[PDB]
Structures are given as structure tokens and as C-alpha cells.
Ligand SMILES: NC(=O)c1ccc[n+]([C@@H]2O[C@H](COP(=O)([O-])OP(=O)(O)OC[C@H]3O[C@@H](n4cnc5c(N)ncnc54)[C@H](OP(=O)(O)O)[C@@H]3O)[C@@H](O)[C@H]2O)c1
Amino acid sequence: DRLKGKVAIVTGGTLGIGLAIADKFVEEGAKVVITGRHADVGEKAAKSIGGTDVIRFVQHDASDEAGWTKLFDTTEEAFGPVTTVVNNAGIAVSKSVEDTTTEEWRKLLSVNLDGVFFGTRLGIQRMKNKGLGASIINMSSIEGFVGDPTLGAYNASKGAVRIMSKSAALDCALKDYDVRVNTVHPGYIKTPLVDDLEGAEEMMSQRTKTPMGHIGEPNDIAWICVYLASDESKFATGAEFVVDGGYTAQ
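Can I get the structure for only this chain, the form solved in complex with the named molecule?
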């Protein structure tokens, strides 16, 4: 319904937030290609949402530049012209700036920053001037707004994603590309990422962190992405959309 005729690429769409985004996208009429590095997890994820007439899994590392062009070619051949790109693939490292190894630093930014750049850049090139009502949704974080003492590299990547997206949004708007670029800034969401962050759920459920006294679910982010992907938000570009249970409000 709300995403009629839309064709979406959702990176890291096999687990957590990305899975829910893909799930709700298909539910609203969109055709979706999800990516991930693990094929077994990926195929199970895709089949869990629907058949290959609406959703397909493509194994792809978001930091793999050459693979991005093939990903677009695959999606377009399968479903027609890509209209929506969700740069969701991302990882977290639990290290202060002081304690961050250069290897940790480079690896996180390769995925969280370079991966988003690859998708956004190619997304603009491929979707511009085609009357698709194209939408690029880049997954930032509340960590793109505020800092965390043990998420140094993570903070850097999300701050980068936040502002880089504004540049793309402006360029597309000024050149009448019919492409919108926005960022989503989830608070803490119950996902495998958060499960891997030791004690994060109990600590961030505290009122001093999340005022609602609990963390969110992947569907909380799926629904704001549906809005941004749909023509409902045709006047929304370059903006930041925060779903965080009040985290950044205090």
C-alpha cells in the first residue's frame, strides 16, 4: 500500500533493525533486496519475509565497493529501477577513544562510514532524474548526536553519516534529482548488536539513559523508515529523525 512500486536495497537486512525494515517494506508493497555477509542467516531471513517475487537475499559486505555496482544491477534486473536505498549495515566497538586500536578504528569506519558513502554515492548516480521519488535513508544513531565514553569510533562514524547525508540531500535538491536523503537516529534497540554490548540493555534501560525505562524494538525503526521511503515525506530531505525513547531529550 504505502510503498507501492518502490524497490528497496536494505543493507544488513538479515538481522535486527534491517530485518524489520525489510519486513515492513514488503508488507507495504515494496520489493526488497537485503544484504549481509553470512549466507545461511541471509537466506533464512529473506524466506522468512516472502518469496523471491517480493524479496531476495544478496551476500555483500557494505564496505565492498565493487560489489555495490553488482548489487544495484542485481536489484534492478530482479525488480526494476531501484527507488530506495537503506544504508543500515553497521557495527559497534566497545572502546573509548583512548583505548581504540587503529585496526578497530579503520574496520568500523570502513563499514559504518565508507559503506554508507558507497551506497549513497551510487544511489544518487543510479536513481537521479528518473521520476522515481527516490529516497536514501542512512542509519545514524543517537550516537550521531551525543557522545558515549566507550563508543569513540562509533560516535565518529555516526556523526559523519549525519552530516554527509545533508550534503547529498542538498546536492540532489538543488539539481532537481528527485532524490531525498535523510538520517534515522535510533536510540537503544533490542538487536543482536545490543546483545553483544555487555550489559547495555540493563544500563540503557535506566531512566537516566532512556526516560521510558526500556529500550525499543526493531519495528520502532522500521516504521519511521517506511515514512521516509514513501511519497508521504516528499518534502522531507536533509533532516534527522530520532526514535530513542527520550534519550536525547534530557
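Give me the form deposited without the named molecule now, not the form solved in complex with the named molecule.
Next comes a single chain, given without company.
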């Protein structure tokens, strides 16, 4: 089991990429708490992966600072000290910078930027200096590297996550905290939400978007996260891991 003894929080773990991360984490021996906004979805998601000795759902919005405190306490009460934080919760807005309302701007940043900050800050505090082989995996995207004219606020958030994570990685390394911090950068990934938008997958699969001519699947992101959570990656910190079908290579 590649994640023997690990205890992970996966935010936005009830759908899509986060769900697959949780699934493979459990497969590799981790205990996992998944978060999401909705109880129906979250309880189904947890039980689809395993019983409560290995996976539990907690309703939590990543923008909710006070709830973060409680989430660590709930997770540690269930499974012992947290070792691994996957800051995956996120939302999207389909607006150019020009067309973004300030309400849209603040709402997207409250999840995609504040939530990652809250989980990273608290993860460092609660995991440092415990010999846990701790790992914080911050979910950026291809939009942390390149612009998309239709994703202005999203681009801001993903670029912020990219560089903030390097700061945290460095501080943890220099202080010998036994905490690593890295970013994962998915390209386009097939999910029910993509399937719900007519034409989206075909748009994303054009060669001028994804050179492989198709989009990825959630397990593509799960497997790089297993590597990063595991002690196999004990010398990797402050780095970006891109799984994008070639999107950013052209």
C-alpha cells in the first residue's frame, strides 16, 4: 500500500477529480475525509469508496475559515493526525476579465484562493514537526500557466495558488517541518459536469486545445496525487506537476 498510514483531507472530494483522488488514496491504504457542499452527494460518494473505517464525508465549504479548524479536529478524531491535505475544492466563472462582476470575482476567489490558503496555512500548523511525511497538494490547473480569455478570475486564482504554494514549500523546507507543498495542474478532465455542457468535450478535444485529441479522466489526476502524497516524492517540494494531454506544451 503506497499510502500506508496516511490520513488525508480531500476538499471537494465528492465529485470528479477529488472523488478519484479519494478513491485511489483509500485503495493505497490511506484513511480519507472528503468534503463537499451537499450531504446527498457526499454520503453517496463516501460509501461508493468504502466504509467509515477508511473514508468519511464532512459537509464543508472551503471558503469557510471557521469550518477548517473543525474539519481537522473531526478528521483527527476519526483517524488520527492528518498527514495529507489536498486543496481541490474549486468553482468556475465563464467571464473575461472585462466582463467579470466584482461579486463573481470575490466569490470565485473565496473558494479557489482563500480555501487553498486556509487549508495550506492550517495544514502547515497542524502537521509540522510530527515526522508524518506530510504533503500538501494544491490543485492549480493549466490556467495557472496560460491565460484563457473566458476565465479571467479563474486564471487569477490558479496563478495565485501556483506561486503561493512555492512560498509555503520553501518555508517548510528551510524550517525542517517535514511538510512538502506542490501543485497539480490538470488539463481538461471528463466529468459529469463536462458531459452536462453540450459541445464542451469536443471543444476541449480539438488538437489546438489538447494535442492528444481527447480529454483526460479523473484517475489521471488521482495517480499523480498518490505519488505526491506518498513518501516516494520525499524530495519533491515547490514544484508543479502538469497532466494535460499536451495543452501547455504548444
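Whichever C-alpha set is largest while still superposing within 1.5 Å between the two forms counts as the rigid core. Positions refer to the first chain, counted from 1.
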Where does the C-alpha shift reach 2 Å or more between these two forms among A45, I224, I189, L197, given a fit on the rigid core? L197
